[PDB]
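Asks: Here is how the chains run, residue by residue.
Protein chains: 2
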Amino acid sequence: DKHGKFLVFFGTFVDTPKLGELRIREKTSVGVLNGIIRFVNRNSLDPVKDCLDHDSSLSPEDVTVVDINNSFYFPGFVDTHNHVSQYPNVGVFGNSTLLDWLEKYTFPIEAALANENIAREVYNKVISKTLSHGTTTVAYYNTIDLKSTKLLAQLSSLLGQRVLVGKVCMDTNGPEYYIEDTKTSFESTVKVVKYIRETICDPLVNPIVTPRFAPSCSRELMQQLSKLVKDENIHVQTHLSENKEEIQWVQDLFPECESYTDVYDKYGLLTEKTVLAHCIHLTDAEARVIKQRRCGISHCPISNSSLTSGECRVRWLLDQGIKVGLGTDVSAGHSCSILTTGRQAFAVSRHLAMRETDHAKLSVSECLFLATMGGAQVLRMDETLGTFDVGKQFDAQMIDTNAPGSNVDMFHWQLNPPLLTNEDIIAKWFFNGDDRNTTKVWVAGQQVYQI
Amino acid sequence: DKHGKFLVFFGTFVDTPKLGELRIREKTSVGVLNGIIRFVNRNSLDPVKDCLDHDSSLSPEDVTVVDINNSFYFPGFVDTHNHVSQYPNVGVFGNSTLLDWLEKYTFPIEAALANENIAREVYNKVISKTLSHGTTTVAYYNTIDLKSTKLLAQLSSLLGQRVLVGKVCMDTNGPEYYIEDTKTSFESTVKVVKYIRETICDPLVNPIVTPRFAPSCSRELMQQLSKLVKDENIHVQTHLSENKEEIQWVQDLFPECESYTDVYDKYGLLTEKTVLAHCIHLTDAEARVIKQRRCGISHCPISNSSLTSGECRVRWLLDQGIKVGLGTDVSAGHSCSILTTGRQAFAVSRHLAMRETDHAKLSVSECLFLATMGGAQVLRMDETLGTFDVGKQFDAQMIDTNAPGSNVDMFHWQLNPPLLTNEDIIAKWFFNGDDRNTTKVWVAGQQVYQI
Ligand SMILES: O=c1[nH]c(=O)c2nc[nH]c2[nH]1
Ligand SMILES: O=c1[nH]c(=O)c2nc[nH]c2[nH]1
Ligand SMILES: [Zn+2]
Ligand SMILES: [Zn+2]
Numbered sequence: 013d014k015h016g017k018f019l020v021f022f023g024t025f026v027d028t029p030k031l032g033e034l035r036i037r038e039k040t041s042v043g044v045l046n047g048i049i050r051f052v053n054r055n056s057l058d059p060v061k062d063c064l065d066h067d068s069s070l071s072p073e074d075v076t077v078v079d080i088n089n090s091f092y093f094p095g096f097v098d099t100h101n102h103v104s105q106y107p108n109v110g111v112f113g114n115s116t117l118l119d120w121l122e123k124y125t126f127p128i129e130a131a132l133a134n135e136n137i138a139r140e141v142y143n144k145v146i147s148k149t150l151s152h153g154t155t156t157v158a159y160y161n162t163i164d165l166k167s168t169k170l171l172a173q174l175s176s177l178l179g180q181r182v183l184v185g186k187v188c189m190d191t192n193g194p195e196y197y198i199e200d201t202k203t204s205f206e207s208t209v210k211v212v213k214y215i216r217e218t219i220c221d222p223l224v225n226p227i228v229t230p231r232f233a234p235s236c237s238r239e240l241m242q243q244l245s246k247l248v249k250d251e252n253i254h255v256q257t258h259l260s261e262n263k264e265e266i267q268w269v270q271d272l273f274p275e276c277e278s279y280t281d282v283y284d285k286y287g288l289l290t291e292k293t294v295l296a297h298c299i300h301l302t303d304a305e306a307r308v309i310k311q312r313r314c315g316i317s318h319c320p321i322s323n324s325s326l327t328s329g330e331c332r333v334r335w336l337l338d339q340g341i342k343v344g345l346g347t348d349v350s351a352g353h354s355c356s357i358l359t360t361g362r363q364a365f366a367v368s369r370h371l372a373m374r375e376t377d378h379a380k381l382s383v384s385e386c387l388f389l390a391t392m393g394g395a396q397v398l399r400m401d402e403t404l405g406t407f408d409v410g411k412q413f414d415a416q417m418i419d420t421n422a423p424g425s426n427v428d429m430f431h432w433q434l454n455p456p457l458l459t460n461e462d463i464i465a466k467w468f469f470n471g472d473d474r475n476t477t478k479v480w481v482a483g484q485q486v487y488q489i
Numbered sequence: 013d014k015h016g017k018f019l020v021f022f023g024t025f026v027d028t029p030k031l032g033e034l035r036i037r038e039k040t041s042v043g044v045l046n047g048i049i050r051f052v053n054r055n056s057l058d059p060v061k062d063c064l065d066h067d068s069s070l071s072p073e074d075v076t077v078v079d080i088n089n090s091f092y093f094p095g096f097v098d099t100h101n102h103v104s105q106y107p108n109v110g111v112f113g114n115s116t117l118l119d120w121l122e123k124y125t126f127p128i129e130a131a132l133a134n135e136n137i138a139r140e141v142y143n144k145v146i147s148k149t150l151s152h153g154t155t156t157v158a159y160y161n162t163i164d165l166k167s168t169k170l171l172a173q174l175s176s177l178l179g180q181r182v183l184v185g186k187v188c189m190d191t192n193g194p195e196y197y198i199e200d201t202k203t204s205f206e207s208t209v210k211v212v213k214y215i216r217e218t219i220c221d222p223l224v225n226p227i228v229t230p231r232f233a234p235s236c237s238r239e240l241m242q243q244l245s246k247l248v249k250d251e252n253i254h255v256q257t258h259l260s261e262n263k264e265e266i267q268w269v270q271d272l273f274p275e276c277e278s279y280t281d282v283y284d285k286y287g288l289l290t291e292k293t294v295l296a297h298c299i300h301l302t303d304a305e306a307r308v309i310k311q312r313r314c315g316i317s318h319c320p321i322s323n324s325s326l327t328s329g330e331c332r333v334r335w336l337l338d339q340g341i342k343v344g345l346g347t348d349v350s351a352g353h354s355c356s357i358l359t360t361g362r363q364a365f366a367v368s369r370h371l372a373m374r375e376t377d378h379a380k381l382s383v384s385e386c387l388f389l390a391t392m393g394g395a396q397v398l399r400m401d402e403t404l405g406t407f408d409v410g411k412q413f414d415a416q417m418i419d420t421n422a423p424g425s426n427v428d429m430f431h432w433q434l454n455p456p457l458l459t460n461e462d463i464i465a466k467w468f469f470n471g472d473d474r475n476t477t478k479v480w481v482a483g484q485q486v487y488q489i
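So the sequences go chain by chain: A and A'. A prime marks a further copy of an entry chain. When the letters of the first sequence are read in order and numbered with PDB author numbering, they come out as residues 13 to 80, 88 to 434, 454 to 489. When the letters of the second sequence are read in order and numbered with PDB author numbering, they come out as residues 13 to 80, 88 to 434, 454 to 489.
FYI, nobody ran anything at the bench for these hints, they're computed from the structure. Wrong hints could be hidden among the right ones.
Pairs count within a copy or across copies, as identical chains cannot be separated in the list.
Stated by the list, open to error - Calculated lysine to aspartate or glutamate pairs in the DMTMM-like style (CA-CA distance at most 20 Å, straight line):
#1 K202 - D119
#2 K310 - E73
#3 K166 - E217
#4 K123 - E461
#5 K310 - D401
#6 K263 - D377
#7 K30 - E275
#8 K61 - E140
#9 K14 - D221
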């Protein structure tokens, strides 16, 4: 417990304050107190003194120095879309696309998690594992089950991860064994919001209203949830425009609306704090509504490729001023790692570019931005998360490119044969790094994970 | 050294004898003697006796049992295309596409490896690292340097990996600091072939004639190499139809030919043992020539995506009877892992499918096939490699899905909540496995790697 203890981290700090830039600050001291960054001084020669200089009420005994060659601090990753409840099925989907995959794998496993023993095991695994890949903040879709969603929020609080925890709402078009009625779906959402806000009462743990997607939610349910969302100022997360059959289904189910996006817009679910997952097949008009309502987009490339859903036009969305983050979308996406997700966003943008132009391509720096600040923007937490800056939360991971077992190698003579830049080193971690390189993770200035 | 020692491996054996099938043999004994599989008996109750039954000249003392829950044997991966010399640059390529990437990164690093100290370090790293990812057989492009190519072949022999080692030939369109003249390029190829065949004299180490690609090789050089290849019955490897600017360049450079493929065909380099890397933008006519000449194709998805080269139409090539393997294509591809390569081949086939049909999609089983047998077919070694079958080489890796640090998790209750098949377990390793799950590697019935 670091609360009340003035921390100063010294070393190399890497982050992405603006899309496309990679800020590398060597020999830098970052002061952290009660989870908040108090100063960032480049070329610190005296980290303790940097603290004493910052606050004269401090003495050397009040300061804890943390000493970071091959190693840097990077912001915690933000996973804007993760069905923790589906984790048992990562890698398991065969040749299926979305709607068959829902029927065959997802409703079965989500229902199975009504058993608290299974859920508790799954939740502990996924929180620990995403932490070990550097994910400090995650928006979790759970299941329709109230009790298990509360437990997920409890264990999130316990383990120190920053989360939004959603009870999934489904009152239409689900199997009888895995469906709610409208009143239950709404009221259990009210309860879960209350329990998280008033009982869990933890700044790291937030509720999020989770209409599964338009085919699963009646007009009445969506309007009720929308009123809850407006009155209680709650985040929202749902899927949008992922798969063409899904899109056709939505059109068939809501012919009074202009588009899938218009369904959510008309029944009140598009807000500054709505996280829209996938958003592949959007029309220009749909993207314009999303912009006007200031919703954020969770880009889930692994899922989109594995389910043959399509290619998210990330550049096209960014070019319109829509904020974009990354989501693992477990389990449609097999990986718990936003780093892995980032690498695939990089690849997906190039499949697009092969037919569009180079413009569609995302750089390493941009994907890392999406993996951190982008997600914070989507969650509307970018004033407090995503970069090493004064006032922001110390959500951070230590990256050691020479941690044991690392696939990120560098030869001494790279650091007149060609030499690596600092940017190159970051790119080697981006492409070949994994959890083994994330050796420590901090959330809110607390260490929550140690390799 | 296991030579002269009758080995029997007992456990679960997974392999892909035919495209699309995943053969899982539990409680199976595989007898291995002097690198060759002698029997495969499903439901072995007595592995020692299975050996005594196989060969009455044996006694219990002559038999060494190797005992494999979460673990199976899988064939060693085949990397049909790897520029070991470019390894220092994995992850390093920025926004570049092929021709800029050659100029900016590849010729510089390849030239740098004329320094034997650097090369020795690189070769030891890459052989050890590809072994640790389960790559038992690899076709290596080195550099134009004779001495370093010999060393690569020496260290390959020393470390136990099965390799084809190519001295790169370039006598045109290269920078003055990294080019050969025609006579040197040919004669150093003759020498390297001789040195490998007659001095290294190791069944695991083979030469391979390596014209870099058509723009780098004069008509005279190609014809000389073609005659060498015919007279000495040597493998060939080159790049084909990777990047549209490259393709235009070839057309401009060889306007007397009908196509890029026709350049290699006319000057004699298309043979049953020619490994053609990439082969993205082939016309129907080009693919037909490749079929008629019985060349194999190295599919290098990571490179193809990272350099925005395009999407290899793997299904379309397979549908024509052309054999396809996987290649990492270090360093245009950042990964040394054919497993990683396989996962990306899986993804690339789905980007294709999004616009073609489901037909273009590769299953998990098919990618694993490409990763093993496919590569063996491309190298024309599939009678002796790629599967656990009698007469074939014991090129094999032990996969432990619960090795330390594994990202392949399974809950006990997955092995009435939904249960995993054996195929599902393999798919979880396919999508979330990495080198940490490859705990032992055997080449030619010798253990060459231990985690
Ligand atoms: O990627 C997704 N995962 C899901 O569980 C889901 N449900 C509806 N739509 C969905 N998309
Ligand atoms: O993927 C590739 N890597 C290379 O070094 C190369 N050279 C020519 N063409 C090439 N393609
Ligand atoms: Zn989802
Ligand atoms: Zn290559």
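Asks: Against each hint, give a clear statement of whether it holds in the structure.
Replies: To see whether the hints hold, each was checked on the structure:
no. : hint        : verdict
1   : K202 - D119 : neither (28 Å within a copy, 61 Å between copies)
2   : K310 - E73  : neither (50 Å within a copy, 76 Å between copies)
3   : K166 - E217 : within (16 Å within a copy, 72 Å between copies)
4   : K123 - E461 : between (44 Å within a copy, 16 Å between copies)
5   : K310 - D401 : within (18 Å within a copy, 55 Å between copies)
6   : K263 - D377 : between (26 Å within a copy, 14 Å between copies)
7   : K30 - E275  : neither (40 Å within a copy, 51 Å between copies)
8   : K61 - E140  : neither (45 Å within a copy, 43 Å between copies)
9   : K14 - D221  : within (16 Å within a copy, 60 Å between copies)
In this structure, the earlier hints numbered 1, 2, 7 and 8 are contradicted, and the remaining ones agree with it.
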